[PDB]
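Chemist: If you want the building blocks of each chain, they are given just below.
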Amino acid sequence: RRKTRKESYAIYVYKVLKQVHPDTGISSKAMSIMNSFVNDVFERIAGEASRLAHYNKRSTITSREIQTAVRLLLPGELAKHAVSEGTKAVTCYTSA
Amino acid sequence: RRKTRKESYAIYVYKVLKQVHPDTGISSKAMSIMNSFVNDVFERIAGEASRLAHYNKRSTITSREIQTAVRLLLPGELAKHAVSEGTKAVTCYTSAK
Amino acid sequence: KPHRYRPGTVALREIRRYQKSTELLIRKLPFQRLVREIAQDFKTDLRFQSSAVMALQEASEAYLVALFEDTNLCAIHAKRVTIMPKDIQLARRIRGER
Amino acid sequence: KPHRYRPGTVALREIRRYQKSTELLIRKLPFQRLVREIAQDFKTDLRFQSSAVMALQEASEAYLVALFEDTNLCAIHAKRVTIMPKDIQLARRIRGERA
Amino acid sequence: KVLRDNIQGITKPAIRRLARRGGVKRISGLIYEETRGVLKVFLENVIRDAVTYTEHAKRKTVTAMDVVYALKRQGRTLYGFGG
Amino acid sequence: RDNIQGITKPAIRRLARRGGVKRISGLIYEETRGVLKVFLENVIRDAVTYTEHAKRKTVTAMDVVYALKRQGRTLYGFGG
Amino acid sequence: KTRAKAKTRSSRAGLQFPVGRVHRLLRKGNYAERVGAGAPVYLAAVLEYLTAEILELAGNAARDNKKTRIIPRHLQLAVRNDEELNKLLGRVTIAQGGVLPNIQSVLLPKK
Amino acid sequence: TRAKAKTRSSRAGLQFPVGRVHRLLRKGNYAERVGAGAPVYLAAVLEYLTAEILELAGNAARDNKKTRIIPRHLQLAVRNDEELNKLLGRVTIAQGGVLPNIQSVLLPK
Amino acid sequence: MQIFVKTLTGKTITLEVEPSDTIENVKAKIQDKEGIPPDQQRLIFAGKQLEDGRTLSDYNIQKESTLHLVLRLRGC
DNA sequence: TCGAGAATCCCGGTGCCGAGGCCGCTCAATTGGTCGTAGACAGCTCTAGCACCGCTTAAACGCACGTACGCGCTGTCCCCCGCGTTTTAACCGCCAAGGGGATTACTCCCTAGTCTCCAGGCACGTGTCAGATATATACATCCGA
DNA sequence: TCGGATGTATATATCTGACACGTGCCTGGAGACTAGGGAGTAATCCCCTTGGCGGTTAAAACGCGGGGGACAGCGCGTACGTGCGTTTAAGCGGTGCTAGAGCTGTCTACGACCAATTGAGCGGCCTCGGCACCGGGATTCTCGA
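Residue numbers (PDB author numbering), protein chains in the order written: chain H, 26 to 121; chain D, 26 to 122; chain A, 37 to 134; chain E, 37 to 135; chain B, 20 to 102; chain F, 23 to 102; chain C, 9 to 119; chain G, 10 to 118; chain K, 1 to 76.
Don't read these hints as lab results, they were simulated from the structure. We put the beta carbon where it would ideally sit given N, CA and C, even for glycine. Take every hint as true, because none was put in to throw you off.
Anything over 12 Å on all C-beta distances counts as not near chain D; from chain B, calculated:
#1 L22
#2 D24
#3 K31
#4 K44
#5 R45
#6 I46
#7 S47
#8 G48
#9 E52
#10 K59
#11 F61
#12 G94
#13 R95
Cross-link-like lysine-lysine pairs, in silico, DSS-like; alpha carbons within 27 Å at most:
#14 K15/G to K43/H
#15 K31/H to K43/H
#16 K82/H to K79/F
#17 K31/B to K56/A
#18 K36/C to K15/C
#19 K40/D to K54/D
#20 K31/H to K91/B
Take these sequences, add in the hints, and give me the full structure.
Modeler: As structure tokens, this is what we get:
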């Protein structure tokens, strides 16, 4: 008689919060707002990448499309830092 | 000399124009403008229908989604007339075989 | 003989107090009744969830506050302190609404 | 005596003439030079198709015309006839463009 | 039950409080009718879109998701109520 | 390279006259030039980003249409 | 084993826009996993109706000016003079269009 | 035999789920095929943005001598930064409030 | 009064009709001369549709005029 | 009130270039048949949305009074507008040279699909402390003399 | 320029409901292997971009006289802010009840996929009529008097 499973991003956001501020909590509504923000940004980036891949007559999306979409969407400093972070993550993953 | 083919809505727009106004021409710039208008409207309606279908966890696009998207996008009188025309066309097509 | 404040002090006091808080301003039951009456015109015998009413109230209040801010700017632009309906009309016209 | 018009009539005549027609209002070569200079700061040794420059010119002119109309409305609202920079600033602020 | 004359439920002090939060200091006597009309128009549009979204799903109860989708479709998205 | 001065005063006067303005003050021109520069900067940056992703060297007219559309300023009649 | 004569899907529906092209574009446009057999007819009918409306208004506007061809000025005039069509294309600019001939009342000469 | 499993997030050294992002991209009807590097990039970008927002909100909360984060702190953090406000220029946050500003003209002489 | 009526194929037919006459007799006469049943024909004169119940005199048509005919299958 | 100049429109004749139509063909939309599963219909369970009643008290209403600001009127001073004269570079036409866009052919490798296995994330239950209330007190601030 | 009264900030007890954490478990993600097509790379063609030179003429630049508009100052009377006594209904706490949201089986009709083929639509040519342009006269406005 248990209900179905609902997916969310609460665990990872809490992990990040404890990574940054080791002695701070968070309430329920803040968690809901963070979940909505993450989903909305994900949808924007994915849609832009899909459109960009469609324009060049291509049938797959790679890291290049994500990088270009990130450059297009975000403002300057955020775009630069995010590009550096994504490049670092990709090279670290491919190293192992 | 090899030239790639390009697709456009020129002949259909000209047919509609000759059906409405028996004696009236058109230039190239107006043709391009009308082509862009048709493409934009098609893209908007298709995207809205796809999102609406995705909301209700269904994997098929039917005429119901098209009708709902048309009602959501266009203003009042335009929506009413478009719905009437679409349902008439669908009924006509279904009746014949 | 009774102590009275000059016209204007209480206005600034209220401005500060209501800018320091976050709670809603419009009453609940009249807003719910208005929402139900408005929604009647589209389909008879409808039912509502509470969260929908709360979201509607939140969005409406935010929109009204933003409009009032723009109206205050418009009124200030013309060497005036009191806001008038023509300021609201000008703000709505410039914003791109009919 | 030489024949002169009162200040104001020629402005109305120009308004009618210039909003009856549909030609471009900025010379092509200075606009092309400005576009090239602006685009040089992002990537070196670029090349342009003419239709791209034409589209940029059309979009810029339409944007400027709309902004000027809104500025004129804002100027009229304050019991004046001449537009001033504060009117442009107020219009851009209300429109949501400027932060 | 049929409802009538409910727009007057938005009382003058409520509009005064909204203006005070908005930063206004002096208010004329004719603002309230304009505010009521604007609010009515906004609610009409949003509720129409939400009702259409509900009607597509063959349901009979309007949910918060429908209001969120209707608000998003007009470019004034909302955070804190799911989705 | 002060090519921003190529947008001369009678051109701004003509644009304002089409817009419907009857009297013009003496300080509008600097504001107009600044606004035009900002708008062109944004649009050209977006177009150049598209061209760079395309792995080309000459910007076309079609990515300009994409850049204009991204900002909610759709343009008709240029092969869109 | 004699195949009957081919009849286009647009012919059965009594339309002018191509049903098959719209069906292919919907299938290849990455919109849904599968596409029904009735959506292209509806979409073609809607597009044809909108095109007919725009063309009728533009043709009238051209005819008032004693011309036998349609230029972007006529399309702009037809679009901007109808409230619903103006509402639809709210954020769209047309090349070689121009502006509507209006003047503020206060600026007019006195007396 | 078979070896012990290690999550792709552990290989990439992240805190966000790579596999969930990959599945959402595959099932979201964005393209026919999905590359093997996109989820890592997307997870890194999302984690960076979340960390920045959370750090600003935590600083704002610690200013008000409170231990937990409420939506008011999120609103104050977002509206006080330029790029973050520009990214969310058309988003309203429930239970947020406004910024305490007053025009200089209305102040008493 | 003599009117020429054209089709989409450039096919021109002369027609003798009186000003007081109304268009139902005109479509009956083109049934007599062509046989196209009276439902799929649409007549346009200088870009305006013609109401069936109204007569030719109210339209102020002149001799040697140019009326246009279009055919809408409507079959389906 | 009235009449002399300028600016604009309607008309007629002439030339050109682009729009409407004709051929030829190749690739995509039909037609016919098969096969797999998406969803439509029926049934059942349980939650939350609607309705009602009583009580309390905080908020909305109506009224009296004073004063500050919105609005009209007048005068000054100066700064855009209309017109004439001089300068310059935009535009059109023509002529060369070459870089980069646009296809075409070939091949290696990157991803979808399938099977097996197991551990991480979600629902459920529980304890305890962060903060919201209530009470009292000290300080900043406004208006009058 | 001082001094009284009011509102707001500050310190302390206390008690409650939501936050943080421990368990089971089951479903979704990870490891291993194939097979096939999408994309990377090299080579060729030629079209479209860039650069330079002459002229000519319209548009840009500069100067000057002056009339009309922007702005400051002044007077007034009415609408709006503030405080007080009265009335109204919003808010809270329970108790009933059932319509409808949500989940599970099943079974059938509907859409994807493949092989043959033929008529719709696109590329190239051309041909002549609608529209652009020049010269001329009638008309319609504006600004002294």
